[PDB]
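Could you build all of it, start to finish, from the sequences and the hints given here?
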Amino acid sequence: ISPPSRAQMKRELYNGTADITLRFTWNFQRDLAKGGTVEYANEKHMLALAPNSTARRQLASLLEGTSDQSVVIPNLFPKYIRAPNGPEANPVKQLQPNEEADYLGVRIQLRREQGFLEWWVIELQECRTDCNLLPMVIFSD
Amino acid sequence: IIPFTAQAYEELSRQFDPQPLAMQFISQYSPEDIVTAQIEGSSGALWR
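Top line first, the protein sequences correspond to chains B and A. For the first sequence, the residue numbers in the deposited numbering are 2280 to 2394, 2400 to 2425. Numbering-wise, the deposited numbering comes out as the position in the second sequence, counting from 1, plus 2231.
Bear in mind the hints are in silico, worked out from the structure with no lab data behind them. Treat the hints loosely; a few may be bogus.
Unchecked claim - Not close to chain B: a few residues of chain A, all C-beta gaps over 12 Å, as computed:
(1) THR2236
(2) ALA2237
(3) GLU2242
(4) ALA2253
(5) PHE2256
(6) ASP2264
(7) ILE2265
(8) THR2267
(9) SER2274
(10) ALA2276
Stated by the list, open to error - One side only, chain B facing chain A, incomplete, derived with CB under 7 Å:
(11) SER2281
(12) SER2284
(13) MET2288
A virtual CB, placed ideally from N, CA and C, is assigned to each residue, including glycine.
Structure (structure tokens):
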């Protein structure tokens, strides 16, 4: 992130009352050999980041200097997606009833280990091995 | 990216109204058609 806008991103999470667009685009590029017009089935699962929420205060400290903040993203990792040959990664409703609150609790961890060496691990609220390998599912069509 | 509104479209059309074909392009394209290219210029991405 460009330094001035990184400081502005900081500020948003720090104070700036805005809602960061957390578009979790779930692009599913298939193929065209077996068919699949718009193979890439994509859906930006956005999470408007409430100004300085629990998640954004964790992100405030994340971008302040520390790298030990588990950012709570309220169940936003679709664990069952009815994707077809069109451009939509729409999750199965009922599989995930709330489908925004029944996806899968996802967490984020920026690992700025100055040596800032800013990495970014996508953890889970219950990360067992899903900090390096998140296992969701795509109900393909 | 800003989908230009009806009022915004009028502005562009009037800006280039002297030139007939310029205005024509804008006016012919339906409102909420002409989109705004607000391309980001800030970097951060160093180069390689």
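Verification of the supplied hints:
Residue placement check: A/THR2236 keeps its beta carbon more than 12 Å from all beta carbons of chain B (closest about 21 Å). For A/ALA2237, the non-interface assignment is confirmed: its Cβ lies about 26 Å from the closest Cβ of chain B, beyond the 12 Å cut-off. Consistency note on A/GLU2242: stated as away from chain B, and its beta-carbon is indeed over 12 Å from all of that chain's, at 27 Å minimum. The claim that A/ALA2253 lies off the interface holds: its Cβ sits roughly 34 Å from the closest Cβ of chain B, which is beyond the 12 Å cut-off.
Every CB of chain B lies more than 12 Å from the CB of A/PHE2256, the least distance being 29 Å, so the non-interface label holds. Separation of A/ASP2264 from chain B is adequate, the least Cβ-Cβ distance of about 21 Å exceeding the 12 Å criterion. Residue-level check passed: A/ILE2265 sits 23 Å from the nearest beta carbon of chain B, beyond 12 Å. The claim that A/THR2267 lies off the interface holds: its Cβ sits roughly 17 Å from the closest Cβ of chain B, which is beyond the 12 Å cut-off.
For A/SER2274, the shortest C-beta to C-beta distance to chain B comes to about 5 Å, within the 12 Å cut-off, and the non-interface label is violated. At roughly 8 Å, the least C-beta separation between A/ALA2276 and chain B is not larger than 12 Å, which violates its mark as non-interface. For B/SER2281, the suggested interface contact is upheld, since its CB lies about 3 Å from the closest CB of chain A, less than 7 Å. Checking B/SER2284 against chain A: minimum C-beta separation of about 5 Å stays under 7 Å; hint holds.
Among the interface hints, the one on B/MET2288 is violated; its C-beta lies about 10 Å from the nearest C-beta in chain A, farther than the 7 Å criterion.
When each numbered hint is compared with the structure, violations occur for hints 9, 10, 13.
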